[PDB]
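Using the sequences and the accompanying hints, generate a full structural model.
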Amino acid sequence: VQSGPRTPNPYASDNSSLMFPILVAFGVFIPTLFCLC
Amino acid sequence: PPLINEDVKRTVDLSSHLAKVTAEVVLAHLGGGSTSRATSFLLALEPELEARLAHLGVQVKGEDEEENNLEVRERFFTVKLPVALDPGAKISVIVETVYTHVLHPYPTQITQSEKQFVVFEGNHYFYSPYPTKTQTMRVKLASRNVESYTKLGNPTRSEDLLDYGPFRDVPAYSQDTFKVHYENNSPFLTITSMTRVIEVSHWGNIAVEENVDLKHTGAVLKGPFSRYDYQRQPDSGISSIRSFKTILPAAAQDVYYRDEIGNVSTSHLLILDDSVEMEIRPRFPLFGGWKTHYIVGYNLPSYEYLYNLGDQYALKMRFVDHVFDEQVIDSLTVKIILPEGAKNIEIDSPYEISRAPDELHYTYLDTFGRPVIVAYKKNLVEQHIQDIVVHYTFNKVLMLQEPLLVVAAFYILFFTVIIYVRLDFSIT
Amino acid sequence: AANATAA
Amino acid sequence: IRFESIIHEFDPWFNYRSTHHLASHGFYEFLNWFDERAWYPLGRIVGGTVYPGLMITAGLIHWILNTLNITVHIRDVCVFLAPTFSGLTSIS
Amino acid sequence: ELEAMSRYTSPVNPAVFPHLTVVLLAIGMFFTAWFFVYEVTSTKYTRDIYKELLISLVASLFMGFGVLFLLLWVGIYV
Amino acid sequence: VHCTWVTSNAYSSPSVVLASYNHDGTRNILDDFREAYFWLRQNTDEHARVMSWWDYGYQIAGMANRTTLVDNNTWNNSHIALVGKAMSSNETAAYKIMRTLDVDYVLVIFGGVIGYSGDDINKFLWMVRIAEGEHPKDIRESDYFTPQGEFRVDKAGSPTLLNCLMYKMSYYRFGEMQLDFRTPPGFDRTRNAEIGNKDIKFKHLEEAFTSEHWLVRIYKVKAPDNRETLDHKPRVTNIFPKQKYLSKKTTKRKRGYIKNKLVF
Ligand SMILES: *[C@@H]1O[C@H](CO)[C@@H](O[C@@H]2O[C@H](CO)[C@@H](O[C@@H]3O[C@H](CO[C@H]4O[C@H](CO[C@H]5O[C@H](CO)[C@@H](O)[C@H](O)[C@@H]5O)[C@@H](O)[C@H](O[C@H]5O[C@H](CO)[C@@H](O)[C@H](O)[C@@H]5O)[C@@H]4O)[C@@H](O)[C@H](O[C@H]4O[C@H](CO)[C@@H](O)[C@H](O)[C@@H]4O[C@H]4O[C@H](CO)[C@@H](O)[C@H](O)[C@@H]4O)[C@@H]3O)[C@H](O)[C@H]2NC(C)=O)[C@H](O)[C@H]1NC(C)=O
Ligand SMILES: CCCCCCCCCCCCCC(=O)O[C@H](COC(=O)CCCCCCCCCC)COP(=O)(O)OCC[N+](C)(C)C
Ligand SMILES: CCCCCCCCCCCCCC(=O)O[C@H](COC(=O)CCCCCCCCCC)COP(=O)(O)OCC[N+](C)(C)C
Ligand SMILES: CCCCCCCCCCCCCC(=O)O[C@H](COC(=O)CCCCCCCCCC)COP(=O)(O)OCC[N+](C)(C)C
Ligand SMILES: *[C@@H]1O[C@H](CO)[C@@H](O[C@@H]2O[C@H](CO)[C@@H](O)[C@H](O)[C@H]2NC(C)=O)[C@H](O)[C@H]1NC(C)=O
Ligand SMILES: *[C@@H]1O[C@H](CO)[C@@H](O[C@@H]2O[C@H](CO)[C@@H](O)[C@H](O)[C@H]2NC(C)=O)[C@H](O)[C@H]1NC(C)=O
Ligand SMILES: [Mg+2]
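Residue numbers (my numbering), protein chains in the order written: chain A, 1 to 37; chain B, 38 to 465; chain C, 466 to 472; chain D, 473 to 564; chain E, 565 to 642; chain F, 643 to 906.
Honestly, the hints are just simulated from the structure, not real lab data.
One thing to keep in mind: the hints can contain errors.
Simulated restraints on C-beta separations [said to hold, decoys possible]: (1) F:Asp687 to B:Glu297: 48 to 56 Å; (2) F:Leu821 to B:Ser185: 44 to 52 Å; (3) A:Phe26 to B:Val434: 21 to 29 Å; (4) D:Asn541 to E:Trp637: 32 to 40 Å; (5) B:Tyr293 to F:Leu821: 43 to 51 Å; (6) B:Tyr293 to E:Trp637: 16 to 24 Å; (7) B:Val458 to D:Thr543: 29 to 37 Å; (8) B:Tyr293 to D:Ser564: 46 to 54 Å; (9) D:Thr543 to F:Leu821: 43 to 51 Å; (10) B:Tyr143 to D:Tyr523: 53 to 61 Å.
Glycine included, every Cβ here is placed at the ideal spot set by N, Cα and C.
Written out as structure tokens, the structure reads:
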């Protein structure tokens, strides 16, 4: 009836994986503000 | 293949609102001939309680459960033994059955300041196709208040349990009527109808919800209901139910308990280190014939219930989850709401569920309907809590069909402006 | 300020 | 933020109830709606003794919002209709 | 079998749904504000249609993804 | 800053769920309206008729989904006059009025256990006035006042109100409800005055439901009398001595007595 102990979240690791997507967003934004010329 | 049972001890438990009978039966094979086949042994049910069966199980020596197939003889259940027995060997088998809606309340109209009495009609003898050599029946009642009990062998009565005689020799398919009338101040709660929706989302959260309609079956109340007697006079309405606790699965994060009319603020949730137990207290106390309808929901993360490999996913959940102790469900409908691009779908279930054709479900920002699986079941019990799995396949790229619609929408919202400053519409 | 009787 | 997203005063319940009827029966059923569950021995002609401006607006926003597959219940529309219109009042 | 499969992870870590919304929503707003300004200070002859369509596309792209992540942070799970 | 303060503290308050604040800042929610209306929604017949004052006419039909007699929107004032006369007479006239309208339940909001201002006793005088407006010969406002000229609930109240149906309906079995805090047995937290009629009994009604803080009380209108009875004890003269017999019966000796029975 009772399930058991919960599972630790295997999602990510700090100082690399959390900021990687945000940095991808920034790195796309800057060349977009280059197509002026 | 012709065999008899040497010693059978059956115990009937009536302290619940449903009757649980357990028979330890020792199958012995009469040593006649060298036919060592003895593979499957029949199991029978009395005709009066045929429609009232819930879950039948066979356990041997405490080991793994055996498998029983429903069988018709020109109902019966055939049981396949693990190791066939040679003539002259004994196997100890345990047959445990649960009967629902079998205790009828006899007064049937009970005031607020009274007790509740229930009557039960069962069998003295182990109703089996094979002759029994010794059989002892033991009834475990609820309280020490017995009104009339059938005396086949002038049985003794200890604390609350009454023990019957030895019943030396009987033929096969033998029936006798045993009636017991006692006092049962126990929660008679029946879940009339449950609809249980599961929604799968690959963004990382699966939401489960359940609408439960439940009524207090036994001993409908007659006369006035005065809360002053309910509140400042002890032991008034002992047959009433005031609260019941549901054991919610571990890592249930957003637990909402509500009604058809708004929120309900009378629930206490405690997070244990194995589950999450939330005690639900309804808006009003139930007294007999009184019903309530509530909705309990929670969404839990998918990194423990969904397993994937390449392109093939598989979800493993429970078919029916714990609602209260010794629950009984009359009608049940499970719906699984898979995401939009589920190409193939297979469902593996551990018992016979009656599934209906698939119907689409249209939700936020979806162009094509997402597959829904509907499975109906009748007369569940507290022991049908098992796991079903569903296999499906789902392309990864189709997920970014969800971020595109919004983008397109915004583009349209801009394109209007681009076509708006290109219009003159002036006459002069 | 509602549609009730003034108490 | 506090309590719950439900209706409050005595009057908005009738507005809500007739709006629910307009959601589940269409317009020409709400125009001819003869409520027999109010003023019991007499019955109340709702379509001809009410102002159908709040109900029609709520039902129209509900229909537009459910045609785009944004499944919102009509009690949420009836709750959050007023602030949205406060914005338009500021513009006016 | 259920033994040879791995437990399913979300493609984006949930604890970074908020930080990835604002960044994908601020930029979008910025681009939209650049479009609107451009449409107020431009005469009919001077306006170039290609810059209009391009800034519309980029602003709509970032605004749409930001709206999705906002929608998914509050608890809708599209 | 003033606008934010006024919206925060004054106008953002629901009347469906009441909030009583604990001393430590914890807030408890008195949720008795929705409790009673949900009972009424799921424990009655589908075609039951409830009688209430006009204020809640909407709220019953929205929440509880039951047939009301008088609604919140007022377009027929003599119907409300009938309801007011039923709510402000004794049980016999009120029972006739309730029989001719095929009512089943009667709903009264009583805010005396907790300190709730607007209950039906605070809105009773408007019932009396509205019923006087259409039936001047039956209901007199001055009749519900004390000979001094004030409206009170004590022993000094008028016996024309202490047998009213609203009074017998919202104070039933309240003369025994004493709070743990040391105060009189019967006490009204709004009308800070001890009730004069501690014991009241019904003849054509019976209590059907009563919310947790006794905020909403629902009574059931019983069926008509099964059979008529004599109004007086049967005829007893003084010519022969009565010589009434004594019970002579226990829970063990259940044996009656017969005058003309042959002895052994
Ligand atoms: C919309 O609907 C939702 C859902 O209905 C509403 O949400 C609900 O809101 C309530 C409160 O309003 C939440 O309740 C909380 O429940 C917890 C859990 O309580 C259980 O555990 C308690 C502790 O148990 C251990 O310890 C005891 C020994 O004391 C052991 O015996 C146990 O075995 C455990 O080891 C336990 O005390 C509780 O029992 C109580 O209830 C039973 C009922 O049968 C009684 O008999 C008992 O005597 C006892 O009263 C229960 O088993 C509670 O811990 C919470 O209490 C907090 O709040 C109290 C005030 O109400 C306060 O006195 C407590 O100290 C406690 O305070 C907490 O919070 C403080 C900050 O505010 C902290 O500083 C403090 O340290 C502490 O952490 C509370 O009762 C529901 O969880 C919640 N429902 C859901 C699903 O989340 C919502 O309100 C609605 N919104 C609306 C209407 O707007
Ligand atoms: C129920 C539907 C009714 C159908 C309407 C049938 C119309 C019949 C013929 C209409 C003739 C149209 C005349 C017309 O378009 O001229 C309009 C000004 O013209 C008007 O003011 C009348 C406009 C009426 C049409 C509005 C609804 C039409 C819906 C289709 C878009 C502009 O005149 P101007 O005075 O030049 O305004 C220019 C001012 N600016 C600063 C913006 C430059
Ligand atoms: C085409 C025409 C378009 C016109 C737009 C029409 C607007 C209708 C949209 C209705 C949105 C309803 C959303 C909603 O129901 O949210 C509610 C309430 O909780 C909230 O705080 C939500 C407030 C923020 C909602 C803002 C979204 C509206 C944006 C459109 C202007 C959730 O609250 P609940 O969870 O139900 O209440 C529990 C409260 N506790 C604190 C006790 C837990
Ligand atoms: C295309 C035309 C213009 C579009 C206008 C946008 C209209 C907004 C649509 C509202 C969507 C309904 C939200 C909703 O379903 O409620 C919550 C979850 O919702 C919430 O708790 C609040 C989230 C609201 C944020 C919406 C922001 C989207 C803005 C995009 C422009 C989920 O419900 P549940 O979690 O199932 O629990 C039910 C609680 N209720 C009381 C609400 C019934
Ligand atoms: C309020 O109660 C009435 C009566 O119980 C409900 O009306 C019934 O609705 C169901 C489904 O819509 C029908 O099958 C019945 O035939 C209806 N009964 C009558 C007498 O018309 C009504 O739906 C309820 N309102 C709700 C639930 O919002
Ligand atoms: C209940 O009240 C009614 C009137 O409100 C009383 O009826 C009148 O009682 C007097 C008493 O003699 C009669 O003379 C009248 O004929 C009655 N009818 C009317 C219309 O006035 C009734 O007696 C009261 N019952 C009680 C107090 O027990
Ligand atoms: Mg998806």
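TODO: If any of the earlier hints don't hold here, list their numbers in rising order.
DONE: Of the numbered hints given earlier, those the structure breaks are 1, 4, 5 and 8, listed in rising order.
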